[PDB]
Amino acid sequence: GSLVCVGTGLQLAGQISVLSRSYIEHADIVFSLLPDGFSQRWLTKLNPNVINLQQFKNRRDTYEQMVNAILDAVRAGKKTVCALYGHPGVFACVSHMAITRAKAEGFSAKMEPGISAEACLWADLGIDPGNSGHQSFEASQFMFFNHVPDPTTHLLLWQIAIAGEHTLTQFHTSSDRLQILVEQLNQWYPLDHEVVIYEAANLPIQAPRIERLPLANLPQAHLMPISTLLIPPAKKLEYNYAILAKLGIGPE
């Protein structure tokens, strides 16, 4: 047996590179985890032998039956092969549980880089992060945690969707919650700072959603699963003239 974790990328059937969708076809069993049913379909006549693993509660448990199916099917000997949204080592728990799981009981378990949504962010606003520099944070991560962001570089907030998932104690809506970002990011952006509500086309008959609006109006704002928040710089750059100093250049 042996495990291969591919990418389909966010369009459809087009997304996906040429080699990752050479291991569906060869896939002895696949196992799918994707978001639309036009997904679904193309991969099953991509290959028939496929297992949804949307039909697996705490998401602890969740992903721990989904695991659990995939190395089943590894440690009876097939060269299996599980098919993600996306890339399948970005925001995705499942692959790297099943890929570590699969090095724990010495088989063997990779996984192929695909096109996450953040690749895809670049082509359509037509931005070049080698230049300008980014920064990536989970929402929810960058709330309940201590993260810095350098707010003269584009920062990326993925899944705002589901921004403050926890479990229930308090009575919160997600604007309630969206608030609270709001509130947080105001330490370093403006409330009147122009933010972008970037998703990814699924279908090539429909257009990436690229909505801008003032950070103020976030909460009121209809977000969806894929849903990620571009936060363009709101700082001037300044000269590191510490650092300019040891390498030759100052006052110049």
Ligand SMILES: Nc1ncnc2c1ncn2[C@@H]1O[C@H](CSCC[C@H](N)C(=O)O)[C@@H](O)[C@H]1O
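Positions refer to the first chain, counted from 1. If you superpose the two forms and keep the largest set of C-alpha atoms that fall within 1.5 Å, you have the rigid core. Compared with the form deposited with the named molecule bound:
- Of the residues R75, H172, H147, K79, exactly one exceeds or equals a 2 Å C-alpha shift between these two forms once the rigid core is aligned, and that residue is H172.
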Second form
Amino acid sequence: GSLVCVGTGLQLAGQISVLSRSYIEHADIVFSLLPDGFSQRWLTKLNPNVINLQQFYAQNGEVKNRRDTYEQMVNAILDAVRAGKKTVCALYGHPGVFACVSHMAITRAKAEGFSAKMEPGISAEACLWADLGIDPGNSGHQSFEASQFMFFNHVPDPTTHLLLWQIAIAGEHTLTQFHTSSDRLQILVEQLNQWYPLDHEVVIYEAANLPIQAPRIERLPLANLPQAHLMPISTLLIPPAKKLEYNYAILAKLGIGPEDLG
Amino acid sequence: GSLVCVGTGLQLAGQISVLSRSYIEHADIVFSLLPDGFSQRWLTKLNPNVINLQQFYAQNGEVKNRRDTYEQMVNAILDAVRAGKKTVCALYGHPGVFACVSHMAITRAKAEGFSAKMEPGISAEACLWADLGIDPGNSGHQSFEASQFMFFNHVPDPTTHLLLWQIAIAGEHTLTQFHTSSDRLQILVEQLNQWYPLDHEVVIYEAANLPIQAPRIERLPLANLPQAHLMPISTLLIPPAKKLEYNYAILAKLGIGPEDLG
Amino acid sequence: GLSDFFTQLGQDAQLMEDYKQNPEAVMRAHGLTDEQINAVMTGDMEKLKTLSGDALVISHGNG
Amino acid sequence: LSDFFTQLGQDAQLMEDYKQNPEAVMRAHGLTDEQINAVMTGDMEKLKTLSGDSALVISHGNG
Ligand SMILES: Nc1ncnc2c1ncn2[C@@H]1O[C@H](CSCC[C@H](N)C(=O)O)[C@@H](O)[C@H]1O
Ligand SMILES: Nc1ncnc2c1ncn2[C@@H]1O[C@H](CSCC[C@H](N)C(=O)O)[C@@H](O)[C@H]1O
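I would like to compare: after the form deposited without the named molecule, may I see the structure of the form deposited with the named molecule bound?
Full assembly next; the chain just shown is listed first.
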């Protein structure tokens, strides 16, 4: 048995890598976690032997810590591998971006002496740059999980493009809710007010999952975030607050200056 | 005429999206910028009408600003579009990740009232996460163009995974050289020494371009960077210098404590 | 019908470009109903799923 | 070489076969000993020389 974790991307059918598609096709069994049913149908046509990981999420207003959900997911995957099945894990976007299941599975599979690897996919971040036409290298890029950015000590560079993932559950500490409250978002706003003004234009982005669907690019002042309509698949883009200031200290050591910049 | 910029990923043939491949196939003309001649042959067999953008780079130890190169690249692409050709731009990895050609071509295309979009691809970043089994959401992620980090004021978060792109030309201010020098990289070390010890393990990462090629994952102390063998395709990974510490300030506002974390 | 169309559209750059030119024409040619087309034009994803039949968090920030 | 690498890169079946027994698969596709050696030694440069096909930089940071 072996494990290959692949990404399908965000778009239906067309945004998966050629090789990653081939893995699914020739897989003995596929553990899937896809955005919608259209994507689920597509997969089933590629490979009929599919197990939906979705089933491990809380069912019926049940109080369940996601850490247990993820653990149950990993176990299910490994069970297939241990049985001797050429197992493929198919997660939406990139299987290793803000996704622990794949990393955990591969880690555990290796520890048990099984072949396991991860194939890169197109993440929601990749889609963002293209849709908004922003180059992360232009002035640099930062990504944080929204709740981690509140619970732990993170200092952002206000000259870069900042991404706060899982903004929908920002400040949800129990890991048993699938959305947060406006009050939690207000605290985050207040925290961001250290580097970013209240009238600073932010962007709520949502990559399209369907080829006939247009992406969500909602621009609004940071202050209005708490009243905004957020969904699980919502990513918060916080553009630069300042421009790039020169670093004379280093330039001097380099023995150059602004006028010498090509 | 129309423009569609696509990524071919890093790996040969199999790391391109299903849709992006389709675009190349049905394109009237293709402008290419691929890593090697294996990828060049692959493209040629997919669509014979290919113009390689590689030609616009400095030829024969010539002194040429890359600003001009990219300009000539953009102009060559637009000429096709203005001609009326259904044009596709096939860049390696992700077309809009640390790449100004596409964004510049798309922007100019729209300005001239042409249809132009960008399809996301798999970038060297996406590969890194998969090869090193690192989740950017684990402790956070930051990306910076090496030289920009030296020339301008950037403050990294030592708790996050930090990527420095184009480390091979870090400090190359003329934009005429293809590589920097050890003395430049030495100054980078001193700069990084503000947040990272000299004995801090960094990783020189190079994603493979061939399916028989293993990736480059060289671990070494930050101090030995200046003596390290760097290539244009080399990315510098700087793991967290510090672990996540609770943000009591925000926790208090949330009216919770560390032990309340799910 | 609806599912097969979306699947093909998302994979075929030829059909995709055809769709861009004339969404309704392409959709009607693939036998999409008026209500299905309206949903697409108004971008009501919800309805699209209802007309077809029938969580995405895979991480946390608690360390 | 070029024909083999393109296939290998696209075909997951062939890929899994390769990782099972690299030399076996390479010999099966008619790669020379030197070519195989180059692969095992990880000498990409020689692979190119043997394929006859002897700037990835598309960005700056000077503002
Ligand atoms: N369609 C979409 N558009 C925008 N952001 C999305 C998205 N789907 C997921 N996300 C972001 O990703 C988070 C889930 S974590 C999983 C992300 C996925 N592996 C990827 O590669 O993108 C969401 O909370 C949101 O911040
Ligand atoms: N094969 C490879 N492995 C690792 N990093 C690479 C790489 N090819 C390019 N890079 C990185 O990308 C920089 C060039 S900018 C072009 C990046 C490309 N659009 C992408 O999607 O990755 C290099 O200086 C290096 O930092």
